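*Asks:* One-letter residues, chain by chain:
2 protein chains.
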Amino acid sequence: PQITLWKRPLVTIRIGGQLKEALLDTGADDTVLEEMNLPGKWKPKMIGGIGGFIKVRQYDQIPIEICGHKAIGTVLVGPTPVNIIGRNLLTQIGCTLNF
Amino acid sequence: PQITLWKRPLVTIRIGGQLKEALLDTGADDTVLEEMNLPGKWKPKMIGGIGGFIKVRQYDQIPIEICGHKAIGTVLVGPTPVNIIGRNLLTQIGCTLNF
Ligand SMILES: COC(=O)N[C@H](C(=O)N[C@@H](Cc1ccccc1)[C@@H](O)CN(Cc1ccc(-c2ccccn2)cc1)NC(=O)[C@@H](NC(=O)OC)C(C)(C)C)C(C)(C)C
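Which chain is which? The protein sequence lines are A and B, in order. Each residue of the first sequence is one higher than the last, beginning at 232 in the working numbering. Each residue of the second sequence is one higher than the last, beginning at 232 in the working numbering.
Treat the hints loosely; a few may be bogus.
Just so you know, same-sequence chains aren't split out, so a pair can sit in one copy or run between any two.
To be verified - Straight-line distance between alpha carbons at most 30 Å, and here's what the computed DSS-like set of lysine-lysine pairs gives:
id	residue 1	residue 2
1	272	238
2	274	251
3	301	238
4	274	238
5	251	238
Don't read these hints as lab results, they were simulated from the structure.
Take these sequences, add in the hints, and give me the full structure.
*Replies:* This is the structure in structure tokens:
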């Protein structure tokens, strides 16, 4: 589909078979989800945004669907105010910017 | 153009006669540039992202040419880690997400 940018490009994602709303973010290197009690091993990571860095848990090879398109990759979990789909997953679903 | 996302979507912009590199950022409500001089009266404001809030200077009705496409809109200036073109200007240049 095509998504205009008049409002925040929020779309439905599925992780662990459950649904969330997330921002399709071309300014994000990584995918960062709001605190959730995801199972499995993880590694500590620090990621930086406009106001500084936060601590996240890095989970690898996690299946996700984004607007019905399947993807699999690294998902960071931490105290973000918004679920963010970053370029690591946007490439997998064939997402481009166009003007 | 059509821009894929295996790299950061940086483009050349012209603003106040000067050339800069900036990130086409669908996850940004606002356009935020690194500390610089711009003509006109600015209003103090605060914006937040991951890592928290920063203080910026809000300049209104500022022309920027973004990858050959003209826009005139609100530009925030402050200690952002990267020059960011947000949705306020992406809409002006007719930018959309597609997959
Ligand atoms: C409603 O608030 C906003 O729209 N906030 C925007 C904002 O922060 N957007 C974030 C997503 C977001 C939205 C709302 C609340 C919280 C977060 C991103 O679209 C843009 N941002 C812009 C940005 C991009 C890079 C960097 C950076 C950090 C350290 C070193 C180099 N670059 C900082 C900010 N990117 C990042 O922060 C990403 N960082 C990143 O990719 O780092 C490599 C994350 C996400 C992976 C953490 C602005 C402050 C830019 C206007």
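*Asks:* Look at each hint and say if it fits the structure.
*Replies:* Going through the hints against the structure:
1. Taking the closest pair of Cα atoms, residue 272 and residue 238 come within 30 Å of each other only across two copies (28 Å); inside a single copy the shortest separation is 36 Å, beyond that limit.
2. In the homo-oligomer, the alpha carbons of residue 274 and residue 251 lie at most 30 Å apart inside one protomer (23 Å), although the nearest pairing across protomers, at 36 Å, exceeds that limit.
3. For the identical chains of this complex, residue 301 and residue 238 are neighbours both inside a copy (24 Å) and across copies (21 Å), given an alpha-carbon limit of 30 Å.
4. In this homomeric assembly, residue 274 and residue 238 come within 30 Å of each other (Cα to Cα) only across copies, at 24 Å, whereas the closest approach inside a single copy is 34 Å.
5. Both within a single protomer and between protomers do residue 251 and residue 238 lie at most 30 Å apart by alpha-carbon distance, with minima of 18 Å and 26 Å respectively.
Checked against the numbered hints given earlier, this structure breaks none of them.
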